[PDB]
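Could you put together the complete structure from these sequences and hints?
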Amino acid sequence: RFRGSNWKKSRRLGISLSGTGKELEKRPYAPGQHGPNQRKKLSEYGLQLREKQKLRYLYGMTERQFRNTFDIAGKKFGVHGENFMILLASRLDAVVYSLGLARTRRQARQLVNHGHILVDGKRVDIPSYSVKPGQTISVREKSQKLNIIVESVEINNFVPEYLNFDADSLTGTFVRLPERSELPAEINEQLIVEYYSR
Amino acid sequence: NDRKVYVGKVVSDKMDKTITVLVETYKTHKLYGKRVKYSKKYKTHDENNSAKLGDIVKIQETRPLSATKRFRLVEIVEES
Amino acid sequence: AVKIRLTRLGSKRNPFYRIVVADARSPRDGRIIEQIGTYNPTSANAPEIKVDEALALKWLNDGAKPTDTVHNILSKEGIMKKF
Amino acid sequence: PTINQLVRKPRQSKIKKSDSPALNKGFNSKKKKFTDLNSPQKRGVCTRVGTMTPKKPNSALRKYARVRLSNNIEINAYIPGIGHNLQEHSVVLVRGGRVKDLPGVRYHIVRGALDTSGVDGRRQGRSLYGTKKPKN
Amino acid sequence: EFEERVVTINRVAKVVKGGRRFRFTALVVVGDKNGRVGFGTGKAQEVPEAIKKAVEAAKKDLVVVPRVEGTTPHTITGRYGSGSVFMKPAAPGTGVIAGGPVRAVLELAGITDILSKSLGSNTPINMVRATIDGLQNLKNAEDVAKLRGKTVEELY
Amino acid sequence: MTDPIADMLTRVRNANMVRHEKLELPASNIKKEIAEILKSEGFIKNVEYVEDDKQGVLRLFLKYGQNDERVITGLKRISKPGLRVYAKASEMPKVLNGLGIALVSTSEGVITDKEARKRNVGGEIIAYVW
RNA sequence: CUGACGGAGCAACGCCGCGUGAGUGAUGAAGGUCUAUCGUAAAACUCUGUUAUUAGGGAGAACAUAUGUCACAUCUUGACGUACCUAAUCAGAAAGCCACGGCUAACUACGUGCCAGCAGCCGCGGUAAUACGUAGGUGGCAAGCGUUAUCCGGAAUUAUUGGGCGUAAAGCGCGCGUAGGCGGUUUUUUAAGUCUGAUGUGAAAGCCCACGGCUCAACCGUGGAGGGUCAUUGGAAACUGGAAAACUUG
RNA sequence: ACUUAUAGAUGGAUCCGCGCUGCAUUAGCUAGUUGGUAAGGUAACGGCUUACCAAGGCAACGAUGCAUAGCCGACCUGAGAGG
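Residue numbers (PDB author numbering), protein chains in the order written: chain l, 3 to 200; chain 8, 5 to 84; chain 7, 2 to 84; chain 3, 2 to 137; chain D, 10 to 165; chain F, 3 to 132.
Fair warning: there could be bad hints in the mix.
As the list claims (entries may be wrong) - For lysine to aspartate or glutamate, the following EDC-like pairs were computed, each having C-alpha atoms within a straight-line distance of at most 20 Å:
| hint | chain 1 | residue 1 | chain 2 | residue 2 |
| --- | --- | --- | --- | --- |
| 1 | F | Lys-65 | D | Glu-58 |
| 2 | D | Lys-97 | F | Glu-93 |
| 3 | F | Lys-65 | D | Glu-65 |
| 4 | F | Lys-96 | D | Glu-151 |
| 5 | 8 | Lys-56 | 8 | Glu-83 |
| 6 | D | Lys-42 | l | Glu-46 |
| 7 | l | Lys-77 | l | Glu-196 |
| 8 | l | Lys-42 | D | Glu-13 |
| 9 | D | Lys-159 | F | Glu-93 |
| 10 | l | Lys-43 | l | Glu-153 |
| 11 | D | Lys-159 | F | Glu-35 |
| 12 | F | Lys-24 | F | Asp-70 |
| 13 | D | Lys-155 | F | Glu-38 |
| 14 | l | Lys-54 | l | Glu-188 |
| 15 | F | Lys-41 | D | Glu-12 |
| 16 | D | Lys-62 | D | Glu-12 |
| 17 | 8 | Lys-31 | F | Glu-71 |
| 18 | F | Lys-65 | F | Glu-93 |
| 19 | 3 | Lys-17 | 3 | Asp-37 |
| 20 | F | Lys-96 | D | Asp-152 |
| 21 | F | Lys-96 | D | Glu-58 |
| 22 | l | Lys-134 | l | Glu-196 |
| 23 | F | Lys-116 | F | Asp-54 |
| 24 | l | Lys-54 | l | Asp-73 |
| 25 | l | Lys-43 | D | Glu-58 |
| 26 | F | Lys-96 | D | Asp-70 |
| 27 | D | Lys-159 | F | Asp-70 |
| 28 | D | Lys-155 | D | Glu-116 |
| 29 | D | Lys-61 | D | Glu-12 |
| 30 | l | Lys-24 | l | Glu-196 |
| 31 | F | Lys-116 | D | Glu-163 |
| 32 | 3 | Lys-133 | 3 | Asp-116 |
| 33 | 8 | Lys-31 | 8 | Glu-51 |
| 34 | F | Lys-41 | D | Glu-162 |
| 35 | D | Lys-148 | F | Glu-126 |
| 36 | F | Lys-41 | D | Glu-151 |
| 37 | 3 | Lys-134 | 3 | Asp-116 |
| 38 | D | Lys-126 | l | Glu-196 |
Everything labelled a hint here was simulated from the structure, so no lab data went into it.
Structural data, given as structure tokens:
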């Protein structure tokens, strides 16, 4: 999840990119050790490492654990660049991450601590799953939902396609893996999964 | 599963049928690909007949019935 | 001398096995020429008993008999007692 | 670039020799002849301390180590860092190869490595010339 | 507009009867994202507007990629001295592979979809030439058959 | 003179370097095949056959097109006595993604690079003429 | 009888199953490189069982002359036989990260006046080490920090695909010149071979693929890809191939 | 529940083949080099010891010497040849 402290990360990443943020109670320009000075210029590797500044805080898309489905379906369909950005957010921790039941970024992964256990499957109090065609994070085994997860049944509506909250479970999992639109705005494709293969 | 018609030519011979026939084939190496032709020697035998000074023949792979020699066949082309 | 054998690559989570005709003086693992398939004696994985022992049941008059407590699998069948 | 004489007569590769030839080796006494090992880990037991003065490119002052490896031959080292281990006669973990700017020496010391710990004047390094239990 | 990315920024001086005079050697890439890029010999001692100094005189020498649909119809490993590049067709979403400022004459052409590598050289004074010749040996889908003398559909 | 066509092959491109044609060349029974099956595509001014015995004489007369530019931009043989490379008629390669042509002898008469792909016939497939 | 095969201190050796803080929070202080920075630092409130007080813990599975007459069987299978352990659940912290600028991805400086000294090819302190001694961390991270050295595509520094000739690091003392690599034109007698192929279609666990058992990962499986001229030698003479000559001016 | 005319079989294999690396600071070739000819015998032909005689058998092509001396489903791995 966090691994430190975050909210200075307005000028580190872009933002967590799927909320409102904790950006500007102050001067949010200077990223580090530049307060009386100019901006940060451009490169590709400065660009690339900016990309992954907005990958490893955006989600818990930790290195040496996430590129893997990119190379795994590098035998499956399409130049895997946008496949990746829809291969890092096509999980039940993402079909339920935009579902709006969290208030910490960790609470779409911790939607199931004692929240959504058995999505047609076995009780799994985890962040992630294997979100195949029609794969949810659905109702609890001996419970249904909690007062830290069901306290946000539709805390923000219009949550994306394949997150069509049929509530009191607080998740929606309409069809399949998700079309990567309804996710970070200023992100690219050949600067998500065409920076990694080298 | 039968026995081939191995063939060849002759080079020399010694007392009372120390006979032979030449062996060769078309093939190449696995590395630098040239059609260089190649050979190795054999061991057939007769009473004294299949021998030097022209014995273009056939040979066999059977029971030798022999010392370390191996062949019983002579199926010819011609003589000199 | 002939006995039953099995294959090994990577899984279980339910007592599994296989059908083959290996040597007598050897362990459970053995080499198989005419692969007939495998066997699932876990009473849960019914979709894994695709054994087509066509050369393993031909030892009836060649040299074979239920041994090593393996007659239970042959108990359901009855392609023996031809003599 | 003609292939007839290429199976008649072949070619070579490049010509290179690997790094630290008198290293990655453990000298026999029972059978008297060395082992070609490329071992990960090894020891160092000391014969002198050693120091030569004439340094142009740096043009400051710092010494090194003269530590002998097995059974009668010259083996030489250097201590790259700001830490002076005014010591000898140790039993260590070798570091293999040479650091920049010392010819002929290819043998070194890991931080800690069973003999001492290191130059304890370091606390920010947390990973250089002796640095254990350092608040991150 | 040309995405006016600095190519290369090089120093020479001329030794004189006094204190030698420096300069900064540069140009700019002039990229329509359609296949051509030219250059301006902005021979001067200024770094940032040598970019502009090439936007001035670039259009004297730009040559066409005879584009095929996001691709090139035939395969090339040419060079006009040393710097060479390999180019092929490819599926229109492929992943993009390139070297230097020929990320500005492969990523700025009517292809984008290649397996393109720079065979051998990959320098600020060879990538251009390498790709320049790669593109000078091309042809459209209806014109080989005429210097040939037929219609093109007479090859398959 | 052991290959009766050898240099003569690229003499197309090493004669039409600046689009030129003053080069008369000698014959074969495949110098009744080298220059006779690309006139199938309007490539030569005239080679109808060799009209002599002893593998004689022939005007090369290399047609040049409407863009003025090298009808034969470049050309190599990759099939010469001393370089015998024999492949099948299936993966006969892609001659510049099919931009070029081949004219060559086969194991069932005489074909082109328009036949190997749709007849499975051929032996020492030769060159890439463009 | 196992000492064949088994029952395991487990080495954080493999890497994973995931667990050690939460709803967090107005910018929030007594401020640690800088002199607003990581400070949405903090507190003190609450949330998950999953570590921990107990508990019953029986996951698999079918064994056997006389039982009556090689298909085969009962009055005959719990050391680890207690796992899935939801379980109320307090708050039972996830060591510490490197260089610390720019490339290998890094942030600034007092110490430092060349005294110690920085340094993966490039590369740094002599009075502002945007390197060092040390100090609050941004790029990667949380069972992980610097190092240990082996071939891989990368190394196109093998050249089977991907090798220079005057010149890097490279051409004949040449009259001479065995073996043979190569070795005129056209028809060629060949009917071997390539064209490629009827066939044999003889198995594979898995193959150019995918999938199903499994708390997903340790541990098993359908095999349509015929098992790679394997059990038959081929028809195309366009030819390296049992090889008859003719052409001549070379 | 004994011993035999007989069997399907077990490791193998009597053996055939391509499997079967390097050292040119090792070519005038081993006397058995060429192969026929033995009383013999191993479930097994036969210079395998012996049975009889002539070597140029070789021949500048690796005779021969000769240095690590397992192979083969495995693993990192190439685009592919496979290496």
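A quick look at each hint next to the structure:
1. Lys-65 (chain F) x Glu-58 (chain D): violated, 51 Å
2. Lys-97 (chain D) x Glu-93 (chain F): Given pair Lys-97 (chain D), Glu-93 (chain F) holds - Cα atoms ~18 Å apart, limit 20 Å.
3. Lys-65 (chain F) x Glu-65 (chain D): Violated. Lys-65 (chain F) to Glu-65 (chain D) sits at ~43 Å, over the 20 Å cutoff.
4. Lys-96 (chain F) x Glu-151 (chain D): Holds, at about 18 Å.
5. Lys-56 (chain 8) x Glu-83 (chain 8): holds, 11 Å
6. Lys-42 (chain D) x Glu-46 (chain l): It holds: about 19 Å lies between the C-alpha atoms, which stays within 20 Å.
7. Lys-77 (chain l) x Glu-196 (chain l): Roughly 16 Å between the alpha carbons, so the hint for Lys-77 (chain l) and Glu-196 (chain l) holds.
8. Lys-42 (chain l) x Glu-13 (chain D): Given that 20 Å is the threshold and the Cα spacing comes to 19 Å, the pair holds.
9. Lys-159 (chain D) x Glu-93 (chain F): Distance of about 25 Å is beyond 20 Å: violated.
10. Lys-43 (chain l) x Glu-153 (chain l): violated, 43 Å
11. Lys-159 (chain D) x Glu-35 (chain F): holds, 19 Å
12. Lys-24 (chain F) x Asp-70 (chain F): holds, 17 Å
13. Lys-155 (chain D) x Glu-38 (chain F): holds, 18 Å
14. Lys-54 (chain l) x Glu-188 (chain l): holds, 13 Å
15. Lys-41 (chain F) x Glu-12 (chain D): violated, 48 Å
16. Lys-62 (chain D) x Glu-12 (chain D): holds, 14 Å
17. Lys-31 (chain 8) x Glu-71 (chain F): violated, 45 Å
18. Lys-65 (chain F) x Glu-93 (chain F): violated, 30 Å
19. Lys-17 (chain 3) x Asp-37 (chain 3): holds, 18 Å
20. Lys-96 (chain F) x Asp-152 (chain D): holds, 19 Å
21. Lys-96 (chain F) x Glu-58 (chain D): violated, 47 Å
22. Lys-134 (chain l) x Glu-196 (chain l): violated, 25 Å
23. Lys-116 (chain F) x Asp-54 (chain F): With a Cα-Cα distance of about 30 Å, the restraint between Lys-116 (chain F) and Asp-54 (chain F) is violated, given a limit of 20 Å.
24. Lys-54 (chain l) x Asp-73 (chain l): Measuring from Cα to Cα gives roughly 17 Å; hence the hint holds.
25. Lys-43 (chain l) x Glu-58 (chain D): holds, 18 Å
26. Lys-96 (chain F) x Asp-70 (chain D): violated, 33 Å
27. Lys-159 (chain D) x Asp-70 (chain F): Holds: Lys-159 (chain D) and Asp-70 (chain F) sit about 16 Å apart, inside 20 Å.
28. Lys-155 (chain D) x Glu-116 (chain D): Outside the cut-off at roughly 31 Å; violated.
29. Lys-61 (chain D) x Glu-12 (chain D): With Cα atoms ~11 Å apart, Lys-61 (chain D) and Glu-12 (chain D) stay inside 20 Å; holds.
30. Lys-24 (chain l) x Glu-196 (chain l): Outside the cut-off at roughly 30 Å; violated.
31. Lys-116 (chain F) x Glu-163 (chain D): holds, 8 Å
32. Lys-133 (chain 3) x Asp-116 (chain 3): With a Cα-Cα distance of about 14 Å, the restraint between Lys-133 (chain 3) and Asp-116 (chain 3) holds, given a limit of 20 Å.
33. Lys-31 (chain 8) x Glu-51 (chain 8): violated, 34 Å
34. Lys-41 (chain F) x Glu-162 (chain D): holds, 16 Å
35. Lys-148 (chain D) x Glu-126 (chain F): violated, 29 Å
36. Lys-41 (chain F) x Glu-151 (chain D): holds, 19 Å
37. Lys-134 (chain 3) x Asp-116 (chain 3): holds, 17 Å
38. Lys-126 (chain D) x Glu-196 (chain l): Measuring from Cα to Cα gives roughly 16 Å; hence the hint holds.
Hints 1, 3, 9, 10, 15, 17, 18, 21, 22, 23, 26, 28, 30, 33 and 35 from the earlier list are contradicted by this structure; the remaining hints agree with it.
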